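Part of the complex only, each chain left as placed.
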Amino acid sequence: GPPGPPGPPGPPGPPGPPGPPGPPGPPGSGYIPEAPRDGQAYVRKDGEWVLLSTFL
Amino acid sequence: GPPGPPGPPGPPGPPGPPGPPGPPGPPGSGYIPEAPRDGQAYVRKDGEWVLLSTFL
């Protein structure tokens, strides 16, 4: 006799991985720009960030 | 004679695509006004700009 007919196909696959990181929120209502980030202290003068050491 | 019985199931499916990009993060908010701009340095205290000299 002839060989049996193809068997049913396999079941569905396992869920995938969660999605990528979401983007950060907004700068929406910005008044003052962040000072530099370098392990140094800054004070606010003349509409700018000047090293605090300058005065210490 | 009669054909052989129908074969066994197939291999489960491949894991689906990754998930959707997560939602964006929260607002920056809480931003503050420019300090005076007068050749004087200022520090941030009590939700206001106080002269740095006050403390030197």
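Every chain is named by a letter (A and B) in the order it is written, and numbering of its residues begins at 1.
Definition applied: a residue touches a chain if its C-beta (ideal position, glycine included) is under 8 Å from a C-beta of that chain, and two chains touch if they have at least 3 such contacts.
Summary of assembly composition: all chains derive from one sequence, 2 are present in place, and the complete complex in the structure file consists of 3 copies.
What we mean here is this: only the chains that are shown with their structure count from here on.
Remark: chain B residues 1-29, 31-35, 37-44, 49, 52, 56 touch chain A in the complex.
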